[PDB]
Amino acid sequence: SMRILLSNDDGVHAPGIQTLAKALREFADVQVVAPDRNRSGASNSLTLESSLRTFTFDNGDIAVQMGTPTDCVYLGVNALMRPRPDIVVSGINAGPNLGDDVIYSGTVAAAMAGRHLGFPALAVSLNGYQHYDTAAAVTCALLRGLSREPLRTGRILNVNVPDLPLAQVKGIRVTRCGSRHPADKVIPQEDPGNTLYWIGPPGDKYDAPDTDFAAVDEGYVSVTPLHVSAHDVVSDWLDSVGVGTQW
Amino acid sequence: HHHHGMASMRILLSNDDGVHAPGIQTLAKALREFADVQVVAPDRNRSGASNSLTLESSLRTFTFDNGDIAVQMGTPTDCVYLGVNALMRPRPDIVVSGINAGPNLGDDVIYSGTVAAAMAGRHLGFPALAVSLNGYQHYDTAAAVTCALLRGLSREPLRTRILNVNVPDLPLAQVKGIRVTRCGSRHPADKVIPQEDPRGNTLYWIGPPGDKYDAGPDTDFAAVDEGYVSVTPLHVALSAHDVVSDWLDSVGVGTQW
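If you're matching them up, the sequences are chains B and A in order. Numbers 0 to 191, 193 to 208, 210 to 229, 235 to 253, taken from PDB author numbering, label the letters of the first sequence in order. Numbers -7 to 152, 154 to 231, 235 to 253, taken from PDB author numbering, label the letters of the second sequence in order.
Hints may contain errors.
Said to hold, decoys possible - Listed next, the in silico DMTMM-like pairs over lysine to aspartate or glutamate satisfying Cα-Cα at most 20 Å (straight line):
hint	chain 1	residue 1	chain 2	residue 2
1	B	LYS184	B	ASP211
2	B	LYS184	A	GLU48
3	B	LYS169	A	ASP242
4	A	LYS184	B	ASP204
Stated by the list, open to error - Not everything, but these chain A residues come out facing chain B in the computed CB check (under 7 Å):
hint	residue
5	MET1
6	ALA78
7	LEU116
8	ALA140
Said to hold, decoys possible - Estimated spans, in silico, between C-beta atoms of each pair:
hint	chain 1	residue 1	chain 2	residue 2	range
9	A	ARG2	B	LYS205	48 to 58 Å
10	B	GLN129	A	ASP211	45 to 55 Å
11	B	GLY193	A	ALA166	48 to 58 Å
12	A	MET(-2)	B	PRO14	51 to 61 Å
13	B	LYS205	A	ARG151	39 to 49 Å
14	B	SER50	A	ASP204	19 to 29 Å
15	B	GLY248	A	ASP28	19 to 29 Å
16	B	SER49	A	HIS115	30 to 40 Å
17	B	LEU196	A	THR251	48 to 58 Å
Hints in this document: simulated from the structure, not taken from any laboratory. From the three backbone atoms N, C-alpha and C, an ideal C-beta is built for every residue, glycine too.
Okay, chain B solo, but in the shape it has when bound:
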């Protein structure tokens, strides 16, 4: 049987994560270590400055209090999950992780298997909020193949599932990540004298063929692998302004 360390960015009690948990439990051992609240926009962040507390539920699930998606993978693999997981899966995220926005999303970040990435990590995101079952089915399909034939190249597996019934899905398509504009806007909110600031929505679609955007647009399930030279130009610039050197 397969071992799964499941996590997300929306917290243990998210509709997405819990839907995925049950679907993967009928074929694989699922140990869920996820944040205590919604940590959307956490990315690589990991709590170094303070200690983290963990509460175990009756059903075996473990929540990380004030924790980030990365902590759940970190603490899970290293201390919490024994024996170690076969696969580290993140999701299902409520809301899409399309384009270059993946650099900021906590879900995709939980592909911080570099330690226990004997499993190429899986970041599954629903392009909507309605059909978490559809997205769970795709994950089930993709996890079944991994037990049958394992993957060699361990660039994470970012998946975007369109918010449609499973029958309405046209199929799968391997895509490279597109790109958005930077978010120039900041939404202001007045409190009962001061002003609060919200980080505005990411910029308009810039790059959308072979793009992870258009894949979802036509009905396909988008899949993207992800990873993480001007030495001469800098060294020449340093001597040009005369820094680090007397002349």
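Knowing the structure of chain B, use the given hints to seat chain A on it.
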């Protein structure tokens, strides 16, 4: 050994160590010798925040009588994000980050808030300097090194991404000099430190970064070790399109046959 120029440029200063940390404040007054410094930093120590940004709740901004701005529950990214977009009017020329208490060497950059504060993503507001002191004694040394490079930027601008700097904790007289270096690598951070609270429960600390895997010539590790000032031009990335596409057909997923 270093004096101020006549360049009245604007600087957005942030860090991971928060507004009141010695590092950022040392650099704050040091750059105010020639430049117009506006410091937008987090309200507390956010070491290891990286690209994090509060997308689920609103942020509150406490302004000081000394021109500085603090962001309550904010991340190094927020301070730059809010600073450029709404707070700092007029906008900065360069977005310097530091000086970080503790070195940002090797693959510690992907998790470090200081380096992640230095993001030229919003505009060509960079090459944004990530300044990190290899120590906690000579905050002035690193400040003097920053002043040198910032003057250089006002002398002759630099095109194309980020500038990660690691200054050794030594007097400016003892500093060997400068050497442009590519980032080395550590054996991935693994430790989990358990500590017991007075109820019977156990609390967990995320352990220190792992042992230096790559250290030698032209690396950020050995550069500082010899006494030199390390400089790295950093950029994130996104190839094996065929391998994946063959696999999906191999295990028969997405396709009915």
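*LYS169/B and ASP242/A: Cα distance at most 20 Å?*
Distance ~19 Å between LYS169/B and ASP242/A Cα, so the pair holds.
_Does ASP204/B sit within 20 Å of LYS184/A, going by the straight-line distance between their CA atoms?_
Not satisfied, since the Cα-Cα distance of roughly 41 Å exceeds 20 Å.
*Range hint 39 to 49 Å: satisfied by the CB atoms of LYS205/B and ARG151/A?*
At roughly 27 Å between Cβ atoms, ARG151/A and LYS205/B fall outside 39 to 49 Å, so the hint is violated.
*Does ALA78/A pass the interface check with chain B, least Cβ-Cβ distance below 7 Å?*
4 Å, holds
*Does the hinted range 51 to 61 Å hold for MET(-2)/A and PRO14/B at CB?*
60 Å, holds
*asked:* For the hint 48 to 58 Å, verify it against the beta carbon of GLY193/B and that of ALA166/A.
replied: Holds - the Cβ-Cβ distance for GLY193/B and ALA166/A, about 52 Å, lies within 48 to 58 Å.
*Let me know if the C-beta of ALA140/A comes in closer than 7 Å to any C-beta of chain B, holds or violated.*
With Cβ-Cβ at 5 Å, under 7 Å, it holds.
*Should the hint that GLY248/B and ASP28/A are 19 to 29 Å apart at their CB atoms be regarded as holding?*
24 Å, holds
*Quick one, is the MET1/A hint okay against chain B at 7 Å, beta carbons?*
It is violated, given that the least Cβ distance between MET1/A and chain B is near 14 Å, above 7 Å.
_Given hint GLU48/A paired with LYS184/B - CA-CA distance at most 20 Å_ = 16 Å, holds
*Given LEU116/A was flagged as interface, is its beta-carbon under 7 Å from a beta-carbon of chain B?*
11 Å, violated
*Using the beta carbons of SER49/B and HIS115/A, state whether their distance is inside 30 to 40 Å or not.*
34 Å, holds
Of the numbered hints listed earlier, those contradicted by the structure are 1, 4, 5, 7, 9 and 13.
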